[PDB]
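Single chain ahead, by itself, as structure tokens, in the form deposited in one PDB entry.
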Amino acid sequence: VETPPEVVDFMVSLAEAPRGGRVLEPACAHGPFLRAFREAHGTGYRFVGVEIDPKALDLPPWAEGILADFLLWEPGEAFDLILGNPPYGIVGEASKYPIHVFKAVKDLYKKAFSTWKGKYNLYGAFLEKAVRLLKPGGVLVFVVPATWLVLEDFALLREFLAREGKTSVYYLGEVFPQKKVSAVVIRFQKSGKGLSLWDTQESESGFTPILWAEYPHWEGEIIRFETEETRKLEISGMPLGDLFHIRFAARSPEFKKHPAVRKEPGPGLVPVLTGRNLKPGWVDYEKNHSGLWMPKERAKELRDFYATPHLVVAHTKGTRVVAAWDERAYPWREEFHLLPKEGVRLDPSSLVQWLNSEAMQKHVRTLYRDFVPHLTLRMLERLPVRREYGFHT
């Protein structure tokens, strides 16, 4: 894992520190950020690097190297500037997640971080740790995944940043070669308040920040790339979430242990559908992509709504809206399942067409770009639906 030169340069161009100030690079290894900052701003600073793997710690003699777990590190003094690229990843069982540590250690992280939510991520913890290590007025500059702009797992982190100081977010995108992640650079200052969202332009000369929008009273709300168009479209109709209760499919384990489910096709048996069975406007009821089969009528045992024809919206087809009406009412292993709320009148055919329209695809693409490889509930809830498609009585 290395950070592209132009990314480091761009980040260094956003960093600031007072003469003789303390500068730190967490999870430094050989310290690419300390080197770049020193070459750009001089040597009149106290350079510190923290690395947990001794084989990786390799700093120049003018910097102070510290062997320790950054997240549980307790220095004597706070810092004026913290910059770097923290490790990303969920802490969990190796068969499913990338970060592997003793449960007791994960317990220590949970105890130390007030923003730790759900499965959380190593990068969220590094952000909180760095902010806590920041001296009043101090500045932090990290490059991390863009997922924290919209995901629930990071609601406390956003709320934390909003109340601890001022934040600027610069969208980069997939700037890490052979690394499947959409990234953003965050410049946080432990003072003031508000949020500034910037887009960037890449050139040979490097990255150039382009001011997109400003939210002076940001309190941790989901961060999006709004435009006059997205705004105009959102107030043109009722949020989809006000018309439908939104549930998710029962998970693979539930099906796998259910006595009515089989690993092979058979009479009276039907496949448990997945995102691969959902297409724009229709459902492929024949193909089996889950390796699971079961009698249709028994599906209501895992989720009661599996017995009722209803609207289905995709979750993992990237940032877009793919919907279809499940007229047969099949058992599903994935996707969103929307049940109309009491008094809600709708036109399935027309609503489906609206959800799959090009206009809708552009709407979500503009707002959430490629932060995450999904259409999340938070995104789905806010989709605007006008009277032509759904009406609340």
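For clarity, a rigid core is taken as the largest C-alpha set superposing within 1.5 Å between two forms. Residue numbers count along the first chain shown, from 1. First, how it differs from the form deposited in another entry.
After superposition on the rigid core, the single residue among 233, 172, 270, 125 whose C-alpha moves by 2 Å or more between the two forms is 270. Relative to the superposed core, residue 310 undergoes a C-alpha shift smaller than 2 Å between the two forms. A movement of the C-alpha atom of residue 182 falling short of 2 angstroms is seen between the two forms when the two forms are aligned on their rigid core. Core-superposed comparison between the two forms: the CA of residue 256 exceeds or equals a 2 Å shift.
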Given for the second form:
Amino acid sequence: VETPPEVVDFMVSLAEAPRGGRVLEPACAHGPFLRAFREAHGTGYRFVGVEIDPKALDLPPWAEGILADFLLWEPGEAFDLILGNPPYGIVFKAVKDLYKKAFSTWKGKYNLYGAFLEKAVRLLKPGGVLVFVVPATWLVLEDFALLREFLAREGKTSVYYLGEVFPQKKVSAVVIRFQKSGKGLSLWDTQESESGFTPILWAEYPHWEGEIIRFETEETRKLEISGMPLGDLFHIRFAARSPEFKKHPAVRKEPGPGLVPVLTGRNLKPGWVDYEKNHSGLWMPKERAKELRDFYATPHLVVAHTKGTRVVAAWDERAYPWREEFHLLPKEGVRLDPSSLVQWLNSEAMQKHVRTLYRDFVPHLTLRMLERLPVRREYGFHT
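How about the form deposited in another entry, since we already have the form deposited in one PDB entry?
Coming up is the bare chain, nothing alongside it.
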């Protein structure tokens, strides 16, 4: 992770503060952003840094270092600019309750970076600016819904997609520039070069109010317009998990005649299901799978969520028991042609659609992404 030089250079170039203003860097350690800003915008500012570990707090004489928990810190002042790279993650857990209590945007397991964002927006004076480098997950995940509403409600938000720029991959980063005055959302793309990053305005949402953020285009919109949402034709169910199966008196750890393998994502292929190979080590009489989840008795559509931001669909003609993935059951009055549907879902046009929109924000297809995939007119419809 850390914060690459070019990224830091990028964030400081979006940073702005009135001469004499207070500049703050949460979880600063040695103050990388504080130093970079000074070396770029000058010295006529009041510098402050908040760090929780005495062994990490190492700031220059011109900066006021404060040893505290940013989340629990309550200064008697507001700031003009807040720069930083907040902690990414979860988790003497009286502190956890303390966080929940103090943070309104807190939902589910959440993530500390979300808490740092809310706190930061609150220590901001009117017109104040905040610049943070965080994961892209808050763009589409349901746990960040309250946060997106919070930001939309509080001011103007600019999101700059950076992608996987940290040493450790599988963490797509995004720079968020927030100003506590106004409203709207501007989505920006960036081009990496020998010189660093170059911003490219993608699209603006003046009436943004917390809705999921996606990279839309003309093709994206046409496809979604000329088709019905998958979430309108199907009931998206989830499979039972191992404990449940390991708790069923009929489930065996070894094969046998009459015993059927509990399928997993490695059995689901693009367009077909490999009913043979066992990947769970659990076997059970097919007939009794209905006792875990009713839909297990019905041949239906299976879409993967363990294969990244990719749509992999297959029709479970035999109706075998599954340990995971998305399970789609048709709604009452919906008639459809399974073969054409599957072909459609696994198509190159569908992959591009999903990839254009959600890039690598998350390492998998979510319900929300799933339920709004467009099904073509002549496959499935309502009677």
